[PDB]
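Protein chains: 2
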Amino acid sequence: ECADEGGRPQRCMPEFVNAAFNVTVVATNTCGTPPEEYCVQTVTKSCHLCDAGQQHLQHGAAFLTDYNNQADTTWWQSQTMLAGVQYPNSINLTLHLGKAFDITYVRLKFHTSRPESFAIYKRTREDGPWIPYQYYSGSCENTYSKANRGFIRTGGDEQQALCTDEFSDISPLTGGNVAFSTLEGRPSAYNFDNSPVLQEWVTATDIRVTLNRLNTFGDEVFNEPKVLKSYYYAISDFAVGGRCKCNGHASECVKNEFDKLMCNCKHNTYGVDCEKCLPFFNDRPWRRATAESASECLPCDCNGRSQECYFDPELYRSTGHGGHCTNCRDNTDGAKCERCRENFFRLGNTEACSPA
Amino acid sequence: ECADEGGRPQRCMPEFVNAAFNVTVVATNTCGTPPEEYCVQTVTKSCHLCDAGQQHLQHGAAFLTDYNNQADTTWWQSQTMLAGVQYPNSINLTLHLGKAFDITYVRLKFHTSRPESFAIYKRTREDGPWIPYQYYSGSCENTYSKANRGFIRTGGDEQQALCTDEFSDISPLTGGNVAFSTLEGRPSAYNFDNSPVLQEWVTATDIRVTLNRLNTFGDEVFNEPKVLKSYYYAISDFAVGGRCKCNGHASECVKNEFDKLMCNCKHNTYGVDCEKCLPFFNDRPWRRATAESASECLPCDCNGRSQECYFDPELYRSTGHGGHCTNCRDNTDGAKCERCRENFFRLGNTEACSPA
Ligand SMILES: *[C@@H]1O[C@H](CO)[C@@H](O[C@@H]2O[C@H](CO)[C@@H](O[C@@H]3O[C@H](CO)[C@@H](O)[C@H](O)[C@@H]3O)[C@H](O)[C@H]2NC(C)=O)[C@H](O)[C@H]1NC(C)=O
Ligand SMILES: *[C@@H]1O[C@H](CO)[C@@H](O[C@@H]2O[C@H](CO)[C@@H](O[C@@H]3O[C@H](CO)[C@@H](O)[C@H](O)[C@@H]3O)[C@H](O)[C@H]2NC(C)=O)[C@H](O)[C@H]1NC(C)=O
Ligand SMILES: *[C@@H]1O[C@H](CO)[C@@H](O)[C@H](O)[C@H]1NC(C)=O
Ligand SMILES: *[C@@H]1O[C@H](CO)[C@@H](O)[C@H](O)[C@H]1NC(C)=O
Ligand SMILES: [Ca+2]
Ligand SMILES: [Ca+2]
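If you read the sequences in order, they're chains A and A'. A prime marks a further copy of an entry chain. For the first sequence, the positions run 37 to 78, 83 to 396 when the deposited numbering is used. For the second sequence, the positions run 37 to 78, 83 to 396 when the deposited numbering is used.
Just chain A, same shape as in the assembly:
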């Protein structure tokens, strides 16, 4: 896993996944309460019923992160225009990953016409604020006060959210697929392994999609009931691929005693994301492991006297190592318990440095 043939240490990481699967997404809007009528879009119009009570017509948020059977799908649906959605009213889908992940992409399978405008936000820590990841809209400048298909200029801020209309046309009344790719278009993505900026940009504990506006044909110009019952959001699969974040100090994440997902921190690191050196392993500062060298926390010396030490920066600057031992057993002094305390000596058979 996190070590080579000879057994030397080396950078690792869990395998790529879709952190969404199983995760019960939360949506603000969900047709079915109370029962209402929707009508697929085309003439003709084969209308049906969104009903929460019956298991054959339910369309909860749940149908977003369940298995994807290309044969017959499962989707979540919004109340129809008639219920008062369209715009400015919006609908939200929040994916709670419960643990920081290194996100690569967020792809959506729309069971109806993709939205006219929608954005996709993320938090880097369950504390932190909702950050704009990407904006999709046929009216970027007007809807998101943002350029049509802006590109990130070199040198410029690698973390701004862009906007495009490329995915907002209605064209495919169904199967409308949308895919967000974090490092896509970031002038540094090549040097990613040494771009803290991007290394954080891909970081994410939670992801959110905001349906801001429905794409429309024009029929709803005159409040015809039968037409409104024809426009709504419907998603057949919410998939976000990336891999559990561990900084290259683990190759597998696992739920613990408290049922919260975490990293199996190798390289002598610990912490939820293996972002820190286990105490005692403070010979040098903690680092993300690269391909070049798989940074790993090195142990203190102490010579067995102390089982505890802190990281002394000055010591580190002077000598190569900076692991400073604390409270050395057997009246043995020194930065790494390597000497007898003044006026004490090592005298035969007795294990501890004894007085004069």
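FYI, nobody ran anything at the bench for these hints, they're computed from the structure. A couple of the hints might just be wrong.
Given that identical chains are not distinguished, each listed pair holds provided it fits within a single copy or across any two copies.
Okay, derived cross-link-like pairs now, DMTMM-like style, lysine to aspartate or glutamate, Cα gap no bigger than 20 Å in a straight line [as the list claims (entries may be wrong)]:
no., residue 1, residue 2
1, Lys-316, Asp-370
2, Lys-316, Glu-260
3, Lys-266, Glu-348
4, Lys-295, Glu-51
5, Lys-376, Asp-341
6, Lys-316, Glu-391
7, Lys-295, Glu-382
8, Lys-316, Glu-378
Put chain A' with the ligands on the given structure of chain A with help from the hints.
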């Protein structure tokens, strides 16, 4: 001391000394009890008195290891022939060093005519038997059933005691000096640093000199009282040079709490003679430090979990190191506490490997 410029470890040893100085030698015979009369040898004969009570005529064993003032001396004296000494009766002088030394030489300053025959024995450990170091006699074969001036043949037993008459002639009625040199004449003395045989041959906790026979002029052929009172043993200084044994793992010996002399064991060794690895430092076997490489006990790993380990030979054979850790704290397993016990993992913030 026991480390070079850069501070790397290196072979050391206390400084050369005369382990005899101050040490109260013990002699079986000592004129003065009761008062008797001795007469220096030449005619004339200026006789005097050996008396225990008066401090101006006492000649205790003590005058053997006291400072040597070339101006006026101090010596220990035996009862005169008349008291019944000569031969076969012998007299003994036992130097108790109280701590194993690496002996180079034993030299004697005789205040009278050196003995006709005497040997010098040593023990390598206060337990062990009295071993013959050297034999001096004008009649080697007859007195010590040993060759006149035998030499050690190459390949042969490097530890046998030789004999010579070279120092038993009476010639100098006084100032007769005799010097024993351990490595002298030993075909291996050149390669000494890699000759356990010789390395032990020079080892010695105690030294003993045996006065077997007095050299005589012939006058005592007829029991004349005045002549017998003229023959006796008298030594002006007993000096044994060498250095406190520590195997090159110390550069100074010091008396401890119990007032018994010992080594200040560096190189991570301990024991009275630094002949063994402090527990925990069992990555490899203990060794005497040579000039080539200053063998030093290397520490076990354990990764801070255990503060105790034993030396596993098999481990040592398989991998370079063989320090095997015992009872690893924090349910952490492995030869050097480098892994979570089966069905246990390293999960964030918690220091110990916790269950599934
Ligand atoms: C659906 O997702 C969007 C995106 O986060 C949520 O909208 C956000 O809602 C909060 C509170 O309603 C807004 O915060 C407010 O910000 C303004 C100015 O920044 C400030 O004056 C307020 O004190 C407050 O902090 C946030 O701006 C807003 N984001 C955007 C761009 O609309 C929305 O709440 C989610 N669905 C829900 C729960 O309705
Ligand atoms: C002065 O130094 C000499 C040298 O050690 C002492 O002589 C040794 O004395 C012991 C006991 O008197 C002898 O041990 C005996 O050995 C024989 C055979 O090896 C054995 O039959 C006995 O059971 C016992 O073990 C030892 O041989 C002898 N050494 C020699 C070569 O004479 C002497 O005792 C010292 N001065 C004293 C205390 O009289
Ligand atoms: C959701 O969680 C349950 C229980 O942990 C699990 O059995 C189920 O497979 C999960 N659903 C998905 C989409 O994997
Ligand atoms: C003998 O021991 C005493 C007390 O330790 C010391 O003062 C004295 O100098 C010693 N004698 C010699 C010969 O050094
Ligand atoms: Ca689905
Ligand atoms: Ca003297």
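Right, here's what the structure says about each hint:
Only between protomers do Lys-316 and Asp-370 lie at most 20 Å apart by alpha-carbon distance; the minimum there is 18 Å, versus 30 Å within a single protomer. Taking CA atoms no more than 20 Å apart as the test, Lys-316 paired with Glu-260 passes in neither setting, with 57 Å inside one copy and 94 Å between copies. For a Cα distance limit of 20 Å, the shortest separation of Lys-266 from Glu-348 qualifies neither inside one copy, at 74 Å, nor across copies, at 82 Å. In the homo-oligomer, the alpha carbons of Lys-295 and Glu-51 lie at most 20 Å apart inside one protomer (16 Å), although the nearest pairing across protomers, at 64 Å, exceeds that limit.
For the identical chains of this complex, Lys-376 and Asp-341 are neighbours both inside a copy (5 Å) and across copies (14 Å), given an alpha-carbon limit of 20 Å. For the identical chains of this complex, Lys-316 and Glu-391 are inter-copy neighbours only, at 11 Å across copies versus 35 Å inside a copy, given an alpha-carbon limit of 20 Å. With identical chains, the CA atoms of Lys-295 and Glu-382 are at most 20 Å apart between copies only, with a shortest distance of 16 Å across copies and 50 Å within one. Taking the shortest alpha-carbon separations for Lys-316 and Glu-378, only the inter-copy value of 18 Å comes in at or below 20 Å, while the best intra-copy value is 27 Å.
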